[PDB]
Amino acid sequence: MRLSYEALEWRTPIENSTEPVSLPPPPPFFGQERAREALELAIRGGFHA
Amino acid sequence: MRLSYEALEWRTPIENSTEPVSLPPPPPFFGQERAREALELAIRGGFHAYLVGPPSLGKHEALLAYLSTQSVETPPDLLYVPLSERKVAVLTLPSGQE
Amino acid sequence: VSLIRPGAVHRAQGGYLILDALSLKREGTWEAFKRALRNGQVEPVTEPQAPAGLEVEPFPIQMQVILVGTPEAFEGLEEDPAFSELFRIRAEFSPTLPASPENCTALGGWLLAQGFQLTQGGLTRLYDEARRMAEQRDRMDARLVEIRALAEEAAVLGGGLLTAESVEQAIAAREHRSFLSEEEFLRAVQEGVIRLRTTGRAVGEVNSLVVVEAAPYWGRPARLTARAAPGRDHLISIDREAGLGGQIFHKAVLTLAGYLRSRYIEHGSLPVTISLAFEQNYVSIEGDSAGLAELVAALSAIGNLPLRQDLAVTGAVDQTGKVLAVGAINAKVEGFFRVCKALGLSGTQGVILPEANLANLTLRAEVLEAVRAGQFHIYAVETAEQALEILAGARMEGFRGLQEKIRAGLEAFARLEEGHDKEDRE
Amino acid sequence: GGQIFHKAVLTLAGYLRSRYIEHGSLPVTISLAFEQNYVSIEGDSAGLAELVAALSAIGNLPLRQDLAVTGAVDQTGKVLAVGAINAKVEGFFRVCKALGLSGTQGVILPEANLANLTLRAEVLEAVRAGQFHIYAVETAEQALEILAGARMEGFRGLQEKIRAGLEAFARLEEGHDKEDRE
Amino acid sequence: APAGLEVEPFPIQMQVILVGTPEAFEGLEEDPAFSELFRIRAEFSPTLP
Numbered sequence: 001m002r003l004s005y006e007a008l009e010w011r012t013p014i015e016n017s018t019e020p021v022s023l024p025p026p027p028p029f030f031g032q033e034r035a036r037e038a039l040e041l042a043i044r045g046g047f048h049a
Numbered sequence: 001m002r003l004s005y006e007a008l009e010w011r012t013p014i015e016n017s018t019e020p021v022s023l024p025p026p027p028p029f030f031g032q033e034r035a036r037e038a039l040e041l042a043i044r045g046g047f048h049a050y051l052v053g054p055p056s057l058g059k060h061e062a063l064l065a066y067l068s069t070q071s072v073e074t075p076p077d078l079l080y081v082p083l084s085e086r087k088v089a090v091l092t093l094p095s096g097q098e
Numbered sequence: 294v295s296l297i298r299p300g301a302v303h304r305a306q307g308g309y310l311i312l313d314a315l316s317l318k319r320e321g322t323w324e325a326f327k328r329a330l331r332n333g334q335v336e337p338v339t340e341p342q343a344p345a346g347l348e349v350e351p352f353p354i355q356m357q358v359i360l361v362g363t364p365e366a367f368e369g370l371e372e373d374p375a376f377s378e379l380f381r382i383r384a385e386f387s388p389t390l391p392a393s394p395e396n397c398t399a400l401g402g403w404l405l406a407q408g409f410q411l412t413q414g415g416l417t418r419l420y421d422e423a424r425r426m427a428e429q430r431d432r433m434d435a436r437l438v439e440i441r442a443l444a445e446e447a448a449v450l451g452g453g454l455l456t457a458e459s460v461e462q463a464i465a466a467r468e469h470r471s472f473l474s475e476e477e478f479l480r481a482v483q484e485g486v487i488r489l490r491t492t493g494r495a496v497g498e499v500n501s502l503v504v505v506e507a508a509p510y511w512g513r514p515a516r517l518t519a520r521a522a523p524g525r526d527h528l529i530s531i532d533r534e535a536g537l538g539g540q541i542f543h544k545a546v547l548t549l550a551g552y553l554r555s556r557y558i559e560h561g562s563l564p565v566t567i568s569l570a571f572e573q574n575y576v577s578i579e580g581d582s583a584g585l586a587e588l589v590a591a592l593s594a595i596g597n598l599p600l601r602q603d604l605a606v607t608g609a610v611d612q613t614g615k616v617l618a619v620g621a622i623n624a625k626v627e628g629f630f631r632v633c634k635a636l637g638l639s640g641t642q643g644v645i646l647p648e649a650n651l652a653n654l655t656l657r658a659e660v661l662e663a664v665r666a667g668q669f670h671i672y673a674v675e676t677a678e679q680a681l682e683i684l685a686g687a688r689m690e691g692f693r694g695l696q697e698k699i700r701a702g703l704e705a706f707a708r709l710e711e712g713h714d715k716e717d718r719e
Numbered sequence: 538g539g540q541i542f543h544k545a546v547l548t549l550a551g552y553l554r555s556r557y558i559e560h561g562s563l564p565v566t567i568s569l570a571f572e573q574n575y576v577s578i579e580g581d582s583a584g585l586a587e588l589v590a591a592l593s594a595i596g597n598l599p600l601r602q603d604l605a606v607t608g609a610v611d612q613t614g615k616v617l618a619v620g621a622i623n624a625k626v627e628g629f630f631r632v633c634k635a636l637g638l639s640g641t642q643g644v645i646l647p648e649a650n651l652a653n654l655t656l657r658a659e660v661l662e663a664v665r666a667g668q669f670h671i672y673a674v675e676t677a678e679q680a681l682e683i684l685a686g687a688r689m690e691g692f693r694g695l696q697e698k699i700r701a702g703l704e705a706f707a708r709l710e711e712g713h714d715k716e717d718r719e
Numbered sequence: 343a344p345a346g347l348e349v350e351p352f353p354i355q356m357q358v359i360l361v362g363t364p365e366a367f368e369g370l371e372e373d374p375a376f377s378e379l380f381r382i383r384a385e386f387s388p389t390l391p
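Protein chains in written order, with PDB author numbering: chain A, 1 to 49; chain B, 1 to 98; chain C, 294 to 719; chain D, 538 to 719; chain E, 343 to 391.
Fair warning: there could be bad hints in the mix.
[Unchecked claim] With the C-beta cut set under 8 Å, the calculated list includes, among others, these residues of chain A facing chain D:
{"no.": "1", "residue": "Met1"}
{"no.": "2", "residue": "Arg2"}
{"no.": "3", "residue": "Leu3"}
{"no.": "4", "residue": "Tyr5"}
{"no.": "5", "residue": "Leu8"}
{"no.": "6", "residue": "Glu9"}
{"no.": "7", "residue": "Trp10"}
[What the hints assert, rightly or not] The calculated DSSO-like cross-link candidates involving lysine-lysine, where the alpha carbons are at most 30 Å apart (straight line), are:
{"no.": "8", "chain 1": "C", "residue 1": "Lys698", "chain 2": "C", "residue 2": "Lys615"}
{"no.": "9", "chain 1": "C", "residue 1": "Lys544", "chain 2": "C", "residue 2": "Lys698"}
{"no.": "10", "chain 1": "C", "residue 1": "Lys327", "chain 2": "B", "residue 2": "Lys87"}
{"no.": "11", "chain 1": "D", "residue 1": "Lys698", "chain 2": "C", "residue 2": "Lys715"}
{"no.": "12", "chain 1": "C", "residue 1": "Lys544", "chain 2": "C", "residue 2": "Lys615"}
{"no.": "13", "chain 1": "C", "residue 1": "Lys715", "chain 2": "D", "residue 2": "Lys715"}
{"no.": "14", "chain 1": "C", "residue 1": "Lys715", "chain 2": "C", "residue 2": "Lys698"}
{"no.": "15", "chain 1": "D", "residue 1": "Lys698", "chain 2": "D", "residue 2": "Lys715"}
The hints are simulated quantities; they were obtained by calculation from the structure and are not laboratory data.
For every residue, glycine included, the Cβ atom is placed at its ideal position computed from N, Cα and C.
So that you can see chain A by itself, here it is in the shape it has in the complex:
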């Protein structure tokens, strides 16, 4: 099938590229819940991770 431009347009659209952003810092290991949970377990247990 011939893919249309809409089916190939992957970029998230921009509407105001001149507006500065002000966002709070993300938590450490954001998007890495596996590593964060493993480190939490290692910290509670005093294990070597």
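Place chains B, C, D and E on chain A using the hints.
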């Protein structure tokens, strides 16, 4: 054949998971009668033994625990005594005399 | 004289000296220690830059050396005959203990001596996980320190008390912390990057089960395609011919070739060329566990039998046509269950595995619950004919049977080849 | 030839052997060559390209040179996903733009790589303008239909042409045998 | 040095957290003493959703 759940249920059933247990410590090399008998033979005969087995079996600690319960005759007191300012020899004394 | 610092042979005089043979071999001290034991005497080591040192009498060796180490460190050390001359008593540790209530009680007592707070359910779960690690229903893993490590992790998650829930949480966390590779594989399967079908029927396609050798505990399906073409008696293993073939894995392919050659004899050499491919694998296949899957795929390709894609197939098979036991059966069954659950359980997915692995089926809680609910099936077979019957959903015997269809397909391929020869001549 | 690349060729051989059975062993010898390459080929991404080239050579089907072909294919005949799809698509777009876009150049790639198509801005603009096409296929038959510009089904179809070419080659071989005997 | 000091070994009251690419760890975890000491594995997903 289509295995039923009963034929696949391998876990030993639990009935009271909130009841604390109080069990006596097992003998050293429990379930390892071969190694225990070999070590017994090595101890009686004064032979040099060697423990073999897959890593993480707890061989090093069970060995120390088993040897601690053993009782060898009082070893003679061995000490270095200088026969001169340049020559030092080994002296063997009855235990508790050094 | 007062500057002589005592060593191990001095502190262990009249008793026992426990040494690690890996350490003795690693630091080159083995030869010096071997000479000391044979001499029965040794002197404390003196720095060679000293002018003359003391005329120190060699210290007598009145101890019993007990070298402890993995077998590899000892077959790497006993090749020297002086070792077997000096260390003659071999205390060998069985890697597994017989799973019995007495050994469960012994494990509980050992853990209590280690300082844990056990409950009956927690001890039972730990004992079951020991049997899990032993991969046998009637044997528990003797690796007590591994059980102690799991107990420590359960204590941390259980607040110091080893309840059944705490041990289950510890095991789940252990699985999850090393689940990244399986998570990526499941994501790829769902995205369609790795095309796997767990529903419907396909001809010559079967969901073989492999074990990721990068971490030899995660099993995952790898669909296997067999294509039958008339001509040479060759059974082409596309995987092996293109490298990607274990030394044992080559034996499985030859064994299947022999079984197919000897089983179907109504012509001369088997008139079909079967190409077997672990497709989208891109990695070495080492075991012979594919034997049953390859055999059923080849038989379906020969007979144009649409195999059920619901069922994964694992198990080695000899040229007699009988399914033999395989290792890591739990890993493969649970991996196929993971893939089926990710794509959505349909109530008919399952795994075909040898009867010889019944004692090795220590499945996870979720797999057992699915089996009990009827959302997952486990089929135990002893001959490849049984596995093909389960897959294609028909019996070998009788008219319109699977064996008759296979024979008809073989006749068709032989007719194609002989017609090629006939129009070759005329 | 990569260790994996060997598997792609054997998979194509198996697909061709099992798919076209009106004679005995497939009566054709297909020689596949990456001309002017002079360097090792490691992936199996060439599987679809090799398959369609072999099918065209068998059936004397003139494939469109406008379209590049990427994608692995199994012996079932179904196109499988490949890695670095963006790099290949954009490289072919670069080559087409260097030689001048004609409004029909494009790339045939597996449907399994739809989630992996994060193309550059220029390629997306060309696709939107109609100067570049992206074809997503799931079976090698679809790729051959797109390349040769005809359907396999029906009379004068691609499948019929492939069968006719196979018959011609088989006739050449059996004639060689026939005058060899007499 | 002639004899040094009779220094008592310093206790280890810390938690070691070894950080590295997987290659450096499958090149390091082949020794069973590693998995005995470092048991908690905090693994980082190479991609976030």
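Evaluated hints:
1. The beta carbon of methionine 1 of chain A comes within 6 Å of a beta carbon in chain D, closer than 8 Å, and the hint placing it at the interface holds.
2. At its closest, the beta carbon of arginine 2 of chain A sits 6 Å from a beta carbon of chain D; the interface hint therefore holds under the 8 Å criterion.
3. Residue-level restraint check for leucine 3 of chain A holds (minimum Cβ-Cβ distance to chain D is 4 Å; threshold 8 Å).
4. Interface restraint check: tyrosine 5 of chain A against chain D, minimum CB-CB distance 4 Å, threshold 8 Å, status holds.
5. Taken as an interface hint, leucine 8 of chain A checks out: its beta carbon lies about 6 Å from the nearest beta carbon of chain D, inside 8 Å.
6. A distance limit of 8 Å between C-beta atoms decides the matter here; for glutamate 9 of chain A the minimum to chain D is near 6 Å, and the interface restraint holds.
7. Because the smallest distance between the Cβ of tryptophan 10 of chain A and any Cβ of chain D comes to about 5 Å, under 8 Å, the interface hint for this residue holds.
8. Under the criterion of a C-alpha separation no larger than 30 Å, the hint pairing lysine 698 of chain C with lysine 615 of chain C is consistent with the structure, at around 21 Å.
9. As the CA atoms of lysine 544 of chain C and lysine 698 of chain C are separated by approximately 28 Å, the hinted pair is consistent with the 30 Å bound.
10. Annotation: proposed proximity of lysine 327 of chain C to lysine 87 of chain B holds, straight-line Cα distance about 26 Å (limit 30 Å).
11. At most 30 Å may separate the alpha-carbon atoms for a hinted pair to count; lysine 698 of chain D and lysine 715 of chain C meet this at roughly 24 Å.
12. With a CA separation close to 15 Å, the supplied pair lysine 544 of chain C and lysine 615 of chain C stays within the 30 Å bound.
13. The hinted pair formed by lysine 715 of chain C and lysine 715 of chain D meets the criterion: a straight-line CA distance of about 10 Å does not exceed 30 Å.
14. For the proposed pair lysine 715 of chain C and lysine 698 of chain C, the alpha carbon gap of about 25 Å is at most 30 Å, so the pair holds.
15. Restraint check for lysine 698 of chain D and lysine 715 of chain D: satisfied, since their Cα atoms lie roughly 25 Å apart, inside the 30 Å limit.
Taken one by one, the earlier hints all hold for this structure without exception.
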